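Missing here is one protein chain; the remaining ones are kept as they sit in the complex.
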Amino acid sequence: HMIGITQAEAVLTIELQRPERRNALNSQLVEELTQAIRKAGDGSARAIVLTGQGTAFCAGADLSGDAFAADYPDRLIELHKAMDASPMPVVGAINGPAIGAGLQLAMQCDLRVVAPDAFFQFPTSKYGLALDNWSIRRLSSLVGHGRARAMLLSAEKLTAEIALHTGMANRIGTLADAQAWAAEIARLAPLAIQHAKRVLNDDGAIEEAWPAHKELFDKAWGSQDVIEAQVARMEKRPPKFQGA
Amino acid sequence: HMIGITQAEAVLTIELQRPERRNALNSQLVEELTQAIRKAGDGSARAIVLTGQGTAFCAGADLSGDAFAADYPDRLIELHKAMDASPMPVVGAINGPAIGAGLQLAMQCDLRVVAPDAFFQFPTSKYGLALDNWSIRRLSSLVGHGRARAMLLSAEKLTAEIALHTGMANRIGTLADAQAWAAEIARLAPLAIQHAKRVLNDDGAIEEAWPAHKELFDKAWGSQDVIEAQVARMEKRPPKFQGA
Partner (left out) sequence: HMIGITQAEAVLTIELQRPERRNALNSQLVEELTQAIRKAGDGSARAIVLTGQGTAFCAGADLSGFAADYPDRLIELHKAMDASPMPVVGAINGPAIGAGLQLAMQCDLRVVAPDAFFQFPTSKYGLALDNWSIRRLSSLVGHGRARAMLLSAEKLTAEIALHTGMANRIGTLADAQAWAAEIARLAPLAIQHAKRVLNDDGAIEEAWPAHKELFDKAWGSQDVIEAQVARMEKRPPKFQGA
């Protein structure tokens, strides 16, 4: 009900379809993606393109109305595990802004073909949030530690142009470009690709949060500032953070 | 006496004031810098800007005249510890050259706004010495392993265009530029900044030296070549090292 799926010449394109929320995730969208990823190649697909409808790739998370908000985090980890464990290369066609969970998702693709007007961002410093370790480590490998520091510590946006600079975007292109490239890849040695994907993903980015990490991470999520961020956004005004 | 402290709109600015020696470090300067970091936000400050007076950010160390010079190496570790552990994000305004101890200092800053004429350098292989591991890891993360190899194996300077290029510098600009950036960050959510800083610093660069590293470290520090480099300098001639 919330995604689209088309196959053509060995490439399965999966498409987020919540353009009204700019493809913001919730319980259902994530669950249906998990499912769509696992069942790809069933199907004689050899490659996956992951993209979005309308202007954005994925603007973040929007659990409002989500009858099942509660269990949206585990749903999300499931999505990631599935992508990680997939023998298919996932070419993300980042057709537009990738923000928050949108950037996490983008980063979990195996390759990135990026639209001229797209940008990438972790605005967590704006909402008082805290990221898991994989996000922080994988971001740093993609834009370099220094840019990573500024995206994380000051909510700085990575432009398509600079994504191409750092390697976060592998190419700048359209959906069709991404799909054309995926076709080339679908014609390569799958086992070669499967080994490489796996070694690459095991570079250490998948990291258990240290105790100091889990502590500060708990402290931020449970904080009243997380509430203020949302209220202030509700009331179209700047948040007054207490650091508490 | 050896540093300056001023505050504006939740931004504490700390300025190295030993311009007659190009801000080179010693006991007093290191000691006072430590006190300032720690007592920052005591205070309503939610961000620190760190910079140097005169033409240079920090040109290294000058134990000349230093009475407590024996235990300076520990004092220096404490400064880094204090910075690493501050909940305050630290914006380095690199107003000019950062060499040796100063490059280290610059790297311990959380973000870097670099002046067009500033440059970075570990002239280590010229003076016959060896770095701690952190210095090498954090460098690699910021300029990339390729460029770190050159800076370290051939004492090559990193100009500001290239620092902007790699992420070593987040922006190119003035003390003022950095301060206005520090003002924006000071309005972000403190607890999200603190979590991300901790995890970013725990990327593995704070690494204990392997056995063979400490053997090469001691051998270099205890070499005849360390003296040759100094006398050759004092005689304005090419040094002629021995590997000993």
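Chains here go by letter, A and B, matching the order in which they are written, and residues are numbered from 1 within each.
Here is the rule we use: a residue touches a chain if its C-beta (ideal position, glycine included) is under 8 Å from a C-beta of that chain, and two chains touch if they have at least 3 such contacts.
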item: Chain not shown: contacting residue from A:23, A:26, A:124 or A:170; value: A:170
item: Options A:176, A:196, A:212 or A:227, residue touching the unrepresented chain; value: A:196
item: Option from B:8, B:70 or B:150 whose C-beta touches the chain left out; value: B:150
item: Where the missing chain touches subunit B, by residue; value: 124-131, 133, 136-137, 140, 143-150, 152-155, 166, 204, 209-210, 212-213, 216-217, 219-220, 223, 225-226, 229, 238-239, 241-244
item: Hidden partner interface residues of subunit A, rising order; value: 46, 89, 110-112, 138, 141-142, 144, 166-170, 181, 184-185, 187-200, 202-204
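Convention: only the chains that are shown with their structure count from here on.
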item: Between subunit B and subunit A, distance of the C-alpha-averaged centres to the nearest whole Å; value: 34
